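Visitor: This is what each chain is made of:
2 protein chains.
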Amino acid sequence: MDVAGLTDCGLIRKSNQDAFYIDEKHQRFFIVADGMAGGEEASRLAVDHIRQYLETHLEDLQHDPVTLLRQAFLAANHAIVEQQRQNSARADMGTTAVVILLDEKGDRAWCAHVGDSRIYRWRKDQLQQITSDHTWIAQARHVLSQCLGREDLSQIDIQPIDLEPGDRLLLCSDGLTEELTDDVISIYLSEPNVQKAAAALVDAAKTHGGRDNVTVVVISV
Amino acid sequence: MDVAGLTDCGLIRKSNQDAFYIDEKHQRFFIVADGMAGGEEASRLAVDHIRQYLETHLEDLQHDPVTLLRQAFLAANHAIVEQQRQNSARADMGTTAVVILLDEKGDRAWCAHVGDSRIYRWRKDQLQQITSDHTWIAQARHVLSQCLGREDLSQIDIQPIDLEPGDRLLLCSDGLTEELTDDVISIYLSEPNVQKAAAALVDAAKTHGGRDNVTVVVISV
Ligand SMILES: [Ca+2]
Ligand SMILES: [Ca+2]
Ligand SMILES: [Mg+2]
Ligand SMILES: [Mg+2]
Ligand SMILES: [Mg+2]
Ligand SMILES: [Mg+2]
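Residue numbers (the entry's author numbering), protein chains in the order written: chain A, 1001 to 1036, 1040 to 1143, 1160 to 1240; chain A', 1001 to 1036, 1040 to 1143, 1160 to 1240. A prime marks a further copy of an entry chain.
Hint data in this document are derived by calculation from the structure and do not stem from the laboratory.
One or more hints might be untrue.
[Claimed, not checked] Chain A' is faced by these chain A residues, among others (derived, beta-carbon under 10 Å):
1) 1058
2) 1086
3) 1095
[Claimed, not checked] To list a few chain A' residues with every Cβ distance to chain A over 12 Å, as calculated:
4) 1052
5) 1064
6) 1108
7) 1110
8) 1130
9) 1135
10) 1212
[To be verified] Pairwise CB distance ranges, derived in the manner of DEER restraints:
11) 1092/A / 1062/A': 24 to 30 Å
12) 1215/A' / 1001/A: 53 to 59 Å
13) 1062/A / 1013/A': 52 to 58 Å
Just so it is clear, CB atoms sit at the ideal spot from N, CA and C, and this is done for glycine as well.
Just chain A, same shape as in the assembly:
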């Protein structure tokens, strides 16, 4: 499996409040977080706490990935809520998170998210959005109806997806998808080398205006 990850502040925002992590050692899990300097702290806490929770508990709990991912996400949630106290006027910081946890065999991806960061799967020039955005509109802009850093955290969406060789998975913040249509994203995911695809996605988000922080993780199965 090949994986590439890239974050970019984009062409308009002053700071990058997105964060990501790839388990480069074992390629088991992948995390993107879009914060809202409260946002930087929230996305960093989410990525670090989800990463550490998964590192610590993966051996013990990979047989129950939904419990593992819920507890990782709640560990992150609590950590953000504790920093909200004092802590100060970072009162309201929050972050999205999207996580892929691969099973040991590597052909099942547990997709977990809170917010409007996305997971997509690409296959043979067709792209599918896997996560459903936690926005009031997607519910049927708002924007967010759910984020990490709330005592009122009400939903952690988790679903498995089975994978085939040659599939790609994309974790992205909305800085990608507010600039690039899915049709455009799909073309860049067709680039064989995932490092080039990741860079091309970011570069295209910027070519198209880059109005937000943009983060991608591209995984080729």
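Assemble chain A' with the ligands onto chain A, guided by the hints.
Guide: Just chain A' with the ligands now, with coordinates in the frame of chain A:
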């Protein structure tokens, strides 16, 4: 520093729902949990989740021990609440926990608890109860007003205590203190060898009736 820990089912109860852990490698933290086979699972989850949270985050967070201990305890709380779902009719399991986290220097003890398990400090033949039991009566039997395994977890008491050479710390479940008065506990803590003191405390709890599971951790500073 010398530490000894012992748990015993006692002379009446059928199973031991107490649990404990000593960081024998680095002597940084010590945990006793009294569960209420839901109780066994709750105390095991609390000890393991507090232990793992502290192992993972101690380097990063020992400079903010109250945040570290609150997040360790909430990690445990959440893990118990997730097993309550399904999980099944273990619906109501809960556990006390008492934790000592020593600072690096080893002469300050952060005492954290939920329930009616206790931390005591002994010095020069005098004993002091440090934690205040979360029972309705102590509030002014009930018994518990607080335990881990509640969505409604409302209190995690945490306080530091400074230590002198020759002090002893005792973590115990109420199986000790419902059989032995503090005057009696104090005498056994005067035993120089902490392994002998721990064994003597348990043995005395049983001599006096042993009506409950009894767990002690004895630390000589
Ligand atoms: Ca943002
Ligand atoms: Ca019990
Ligand atoms: Mg958005
Ligand atoms: Mg964004
Ligand atoms: Mg009691
Ligand atoms: Mg008891």
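Visitor: Does each hint hold? Answer for all of them.
Guide: Status of each hint after checking the structure:
1. A least Cβ separation of about 8 Å between residue 1058/A and chain A' falls short of the 10 Å threshold, and the interface hint therefore holds.
2. With a least beta-carbon distance of about 8 Å to chain A', the hint placing residue 1086/A at the interface is held under the 10 Å criterion.
3. A hinted interface residue such as residue 1095/A counts as satisfied when its beta carbon comes closer than 10 Å to some beta carbon of chain A'; here the least separation is about 19 Å, so the hint is violated.
4. Against chain A, the non-interface label of residue 1052/A' is violated: not every CB pair exceeds 12 Å, the least being about 9 Å.
5. Annotated as non-interface, residue 1064/A' brings its C-beta within 12 Å of a C-beta of chain A; the closest such distance is 10 Å.
6. Separation of residue 1108/A' from chain A is adequate, the least Cβ-Cβ distance of about 25 Å exceeding the 12 Å criterion.
7. The beta carbon of residue 1110/A' sits about 26 Å from the closest Cβ of chain A, which is more than 12 Å, so the claim that it is off the interface holds.
8. Taking the minimum C-beta to C-beta distance to chain A, about 33 Å, the non-interface status of residue 1130/A' holds against the 12 Å cut.
9. Its beta-carbon lying about 22 Å from the closest one in chain A, residue 1135/A' satisfies the requirement of being farther than 12 Å from that chain.
10. Consistency note on residue 1212/A': stated as away from chain A, and its beta-carbon is indeed over 12 Å from all of that chain's, at 35 Å minimum.
11. Our hint of 24 to 30 Å for residue 1092/A and residue 1062/A' holds, since their Cβ atoms are close to 28 Å apart.
12. About 57 Å separates the C-beta atoms of residue 1215/A' and residue 1001/A, a value consistent with the hinted range of 53 to 59 Å.
13. Our hint of 52 to 58 Å for residue 1062/A and residue 1013/A' is violated, since their Cβ atoms are close to 33 Å apart.
Of the numbered hints stated above, those contradicted by the structure are hints 3, 4, 5, 13, listed in ascending order.
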